Amino acid sequence: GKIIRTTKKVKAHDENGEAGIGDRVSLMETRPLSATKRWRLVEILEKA
Amino acid sequence: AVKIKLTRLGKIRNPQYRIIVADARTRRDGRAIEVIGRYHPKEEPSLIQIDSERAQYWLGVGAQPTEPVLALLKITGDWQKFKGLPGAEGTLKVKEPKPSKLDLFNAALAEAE
Amino acid sequence: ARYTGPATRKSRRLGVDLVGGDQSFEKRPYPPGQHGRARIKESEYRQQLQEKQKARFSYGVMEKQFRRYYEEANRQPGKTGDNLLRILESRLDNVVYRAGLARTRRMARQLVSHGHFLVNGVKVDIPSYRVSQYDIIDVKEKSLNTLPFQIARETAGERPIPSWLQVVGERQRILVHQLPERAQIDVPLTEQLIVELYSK
Amino acid sequence: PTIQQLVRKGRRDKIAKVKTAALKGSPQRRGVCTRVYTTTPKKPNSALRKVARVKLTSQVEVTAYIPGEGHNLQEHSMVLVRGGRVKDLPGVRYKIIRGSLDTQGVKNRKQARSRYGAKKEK
Amino acid sequence: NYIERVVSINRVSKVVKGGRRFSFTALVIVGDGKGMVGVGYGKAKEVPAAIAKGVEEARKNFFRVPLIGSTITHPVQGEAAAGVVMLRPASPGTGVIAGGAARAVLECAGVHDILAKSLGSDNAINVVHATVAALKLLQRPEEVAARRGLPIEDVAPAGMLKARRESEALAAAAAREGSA
Amino acid sequence: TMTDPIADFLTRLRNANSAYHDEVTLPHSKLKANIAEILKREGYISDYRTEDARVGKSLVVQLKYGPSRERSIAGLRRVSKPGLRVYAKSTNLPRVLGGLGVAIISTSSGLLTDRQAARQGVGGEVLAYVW
RNA sequence: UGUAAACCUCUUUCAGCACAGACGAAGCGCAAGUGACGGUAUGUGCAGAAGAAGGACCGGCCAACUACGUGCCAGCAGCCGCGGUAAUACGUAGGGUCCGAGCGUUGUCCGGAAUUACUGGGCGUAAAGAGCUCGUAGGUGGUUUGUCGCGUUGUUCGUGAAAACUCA
RNA sequence: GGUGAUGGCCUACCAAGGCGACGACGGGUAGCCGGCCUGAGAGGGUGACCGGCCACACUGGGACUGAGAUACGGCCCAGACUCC
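Protein chains in written order, with UniProt numbering: chain A, 50 to 97; chain B, 2 to 114; chain C, 2 to 201; chain D, 2 to 123; chain E, 35 to 214; chain F, 2 to 132.
One should not assume that every hint holds.
Partner residues are not named here, just some residues of chain B that face chain C (Cβ under 8 Å, in silico) [stated by the list, open to error]: (1) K102; (2) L103; (3) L105; (4) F106; (5) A109; (6) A113.
When the alpha-carbon atoms are kept at most 27 Å apart in a straight line, the in silico DSSO-like pairs for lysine-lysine are as follows [as the list claims (entries may be wrong)]: (7) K82/F x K51/A; (8) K43/B x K4/B; (9) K102/B x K124/C; (10) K96/B x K124/C.
Derived from the structure by calculation, the hints contain no laboratory data.
Just so it is clear, CB atoms sit at the ideal spot from N, CA and C, and this is done for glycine as well.
Whenever a hint applies, use it, and build me the whole structure from the sequences.
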């Protein structure tokens with residue numbers, strides 16, 4: 050019954066090469082764009 | 002196709018069917034979609050019951066029932082209704098509701114006294 | 002399987018009349034055998050077993066049939082002793098006995114086993130047939146020529162008939178009004194011991 | 002133990018000792034006796050006890066114990082095996098069922114005939 | 035009238051230069067079948083003597099029990115030397131469900147429908163002592179409402195009170211059929 | 002360090018009840034206050050109040066002993082502890098002593114005993130058992 | 001032994017013999033017939049107790065005792081363990097008990113086993129605290145205002161195939 | 001380019017990147033499930049019947065056909081065994 054925080058990587062997509070590292074993002078799933086590219090960006094969200 | 006079938010159930014001597022809308026490429030005691038009725042011929046007045054509305058739905062979407070079920074539908078009037086031939090001519094015979102246990106007991110009492 | 006051996010034997014084994022009029026029991030109510038007098042290591046298991054052996058040899062049930070009845074009584078929503086005892090007195094041989102057209106439990110078992118009765122329009126050659134409320138056990142045509150049965154219909158002023166039953170006719174037509182309960186029945190040993198046994 | 006320990010490692014359980022391994026989950030097996038002889042039990046119980054040394058069809062060579070008081074068994078006889086602990090002996094687990102494929106219901110045993118394989122007097 | 039028990043007999047032996055000066059023990063439980071419960075560990079060279087000691091010592095050391103008709107109020111953990119017991123109420127018609135020791139205790143006490151379990155210290159001595167500790171940990175809802183000032187309605191649920199009323203009805207019935 | 006102030010509260014009351022002390026002293030918090038008010042309602046203790054200290058506030062509790070020195074609180078225990086955060090649906094609420102004793106739930110409607118929470122229909126985090 | 005028995009009555013189920021003899025098919029056909037199970041199921045009668053009961057166990061857990069034969073033997077056994085002429089424990093008789101068309105045995109699994117303990121366990125001596133510190137990942141986190149409402153909680157919708165299970 | 005279709009499914013080129021002590025890469029076993037058995041209940045073992053899915057069809061590969069192929073009772077090849 051204990052709460053478990055867990056980790057999970059994801060591999061996603063931007064058409065225009067915006068986002069740097071150390072950020073917070075919105076996301077949405079899309080039809081697969083490669084092997085292991087499944088999610089896309091919606092809003093590069095909270096700056097760093 | 003998407004036909005109307007009967008599935009066999011029960012035990013080895015007396016059957017007690019159900020009425021099914023399922024694909025034709027399935028098996029007899031197989032998966033279903035929407036059971037609608039049933040049929041107990043081992044009884045003499047031979048029970049029949051159908052949800053006529055949903056039956057007419059599956060007849061609308063293009064089902065294609067088999068001979069026996071088609072006969073039952075002609076009886077109950079669902080086929081006659083789907084085709085508007087004269088109209089839903091009700092041919093169904095209902096079982097005789099047999100006497101009530103309480104009335105039997107009380108009548109035997111009053112007969113003895 | 003109808004047990005056949007002596008009833009006197011077991012009525013002496015546990016030192017109680019299960020038929021009542023047992024003159025050989027009156028003579029030798031103590032147990033039988035070469036060591037019938039000998040002394041006892043007492044225990045609770047002994048009494049708990051003794052209980053059900055008394056019951057099932059009063060009635061005729063075997064252990065497996067009995068255990069099925071017990072599971073049913075515990076499955077029901079009442080409480081186990083009352084439920085079981087009612088379920089168990091519901092049997093047909095016991096019914097006809099307590100109505101009195103049978104002189105003995107064996108005789109009732111036999112008469113049903115040969116199909117002499119007729120329940121609401123179906124032949125019944127079955128002894129463990131239960132009877133719910135509002136059921137009319139008439140007798141068939143040719144129960145006449147049984148001579149002690151004629152004695153029954155004539156002078157069955159023997160052991161009393163209970164309240165939830167009744168007889169109303171010349172062919173001795175039987176009638177049930179309710180299913181009994183424990184305070185109504187008042188038959189041998191109470192059965193918390195038995196419930197505890199199968200609670201083991 | 003804490004719950005983080007439990008989630009990180011777990012409750013690894015025991016594994017109990019498989020009894021009667023040669024039979025391979027089978028109740029019996031079939032056997033042929035390479036030897037036939039007798040052997041003495043431990044120091045408290047002073048007697049002389051019967052023994053075989055069987056080649057099973059599960060391909061494991063094992064002793065066996067021989068109930069009753071007679072035995073129709075020499076080497077190469079084909080018998081059948083069942084399992085049973087015998088406290089009197091170090092390394093024995095298996096018994097023999099009497100009345101199967103070579104062995105006979107030892108004689109005059111009128112009580113408990115089912116266990117030894119002898120018939121009823123009519 | 036009293037109900038009495040004998041639920042343990044071991045054969046003890048002090049040892050001395052001649053040899054073994056044996057002796058006998060006993061554990062005896064007494065109960066009116068209504069709530070009084072007494073316990074005694076009697077011993078002697080003589081088994082009747084030890085039994086009689088246990089009898090009289092149980093009749094000394096009674097203890098009243100918070101009953102409801104035929105069943106306890108609440109479940110409870112009772113600890114003794116190592117005797118653990120998890121008593122718990124039943125629903126009526128269930129039976130006196132326990133082993134040997136606790137069965138003796140509760141059947142003598144008057145219980146008819148109760149659960150139980152031994153979880154440590156299989157010895158009858160400590161088992162009985164733990165059961166007794168549990169019965170002491172029990173509390174009447176009346177005394178609970180007393181100690182915390184509130185009334186029985188806010189202190190208890192409704193089903194227990196149903197049991198109270200129905201058992202008082204059965205009891206008044208029994209007594210008014212007896213005398214009146 | 003400190004991690005479980007509610008366990009501090011409860012254990013302190015338990016220790017003081019065993020030592021038969023009269024009044025207790027803590028620092029103060031909204032949650033502790035609501036707990037105390039619920040206990041004062043349910044009947045376990047006589048009274049609480051808020052005095053103060055050098056840097057912050059402080060609670061003071063006034064216990065409840067029998068006239069013959071009968072302790073009013075028998076037992077006491079925290080349930081939903083850090084680590085094992087125990088949550089409760091209305092369908093599966095805890096029953097203490099058949100309902101005599103008291104659970105202490107933390108809900109959208111605030112702290113509530115189990116009965117009040119059930120009558121509202123609500124459920125949520127559990128915090129303690131009392132008897 | 002044992003009301004067990006003959007004994008005089010009675011009932012005749014189930015099997016047995018003779019006769020009749022189905023529904024299962026508001027169906028299929030536009031022909032005239034249409035049941036593999038099936039001449040069975042099931043009734044009708046017929047003569048009559050006539051054709052019909054074994055298996056395991058008995059020192060204790062574990063309700064069930066004597067005698068006899070053997071007396072470190074043969075042998076038994078799930079554990080405690082029993083046999084050196086007097087055994088209720090071995091094999092046979094009588095007897096009794098438990099079950100009953102089954103009865104015992106073996107094999108495997110769960111249980112009891114709070115004996116991997118989340119509910120439901122411990123670490124001074126019973127087996128168990130690393131030789132002691134530092135600190136990464138991780139875990140956990142004081143008081144208080146506001147905000148998000150992810151966890152959480154309440155309600156309703158969809159779904160959770162049927163059969164299984166449970167209630168009538 | 002290809003597919004009924006998205007896709008390194010494939011291809012040329014370009015950058016070198018990805019995975020992992022929350023156990024990858026390796027090893028051993030096993031068909032999954034509704035359910036079944038047990039148990040107070042959590043939970044433990046199980047996957048015979050009945051039903052839904054998946055893989056296979058002497059062993060290993062391959063494709064045509066056609067709306068739809070693991071193509072049992074279809075084809076080609078390769079091998080083991082058998083037969084005229």
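Check: Does the structure keep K96/B and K124/C at a Cα separation of 27 Å or less?
Finding: Given pair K96/B, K124/C holds - Cα atoms ~24 Å apart, limit 27 Å.
Checklist line | Pair hint outcome, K82/F versus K51/A [Cα-Cα no greater than 27 Å] | finding: 10 Å, holds
Next item on the list: Would you check whether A109/B satisfies its interface hint, that is, whether its CB is within less than 8 Å of any CB in chain C?
Entry: 5 Å, holds
Margin query: Check whether the Cα positions of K43/B and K4/B lie no farther apart than 27 Å.
Written below: Roughly 25 Å between the alpha carbons, so the hint for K43/B and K4/B holds.
Notebook entry, point to check: Any CB of chain C closer than 8 Å to the CB of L103/B?
Noted result: 6 Å, holds
Next item on the list: Grab the minimum C-beta distance from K102/B to chain C and call the hint holds if it beats 8 Å, violated otherwise.
Entry: At 4 Å from the nearest chain C Cβ, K102/B passes the 8 Å test, so the hint holds.
Checklist line | chain C contact restraint on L105/B - CB to CB distance below 8 Å | finding: At 6 Å from the nearest chain C Cβ, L105/B passes the 8 Å test, so the hint holds.
Notebook entry, point to check: At a threshold of 8 Å, is the proposed contact between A113/B and chain C supported by beta-carbon distances?
Noted result: 4 Å, holds
Check: Quick one, is the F106/B hint okay against chain C at 8 Å, beta carbons?
Finding: 4 Å, holds
Margin query: Checking one constraint from the list: CA of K102/B to CA of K124/C, max 27 Å. Satisfied?
Written below: Answer holds: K102/B to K124/C is near 18 Å, not above 27 Å.
Checked against the numbered hints above, the structure violates none of them.
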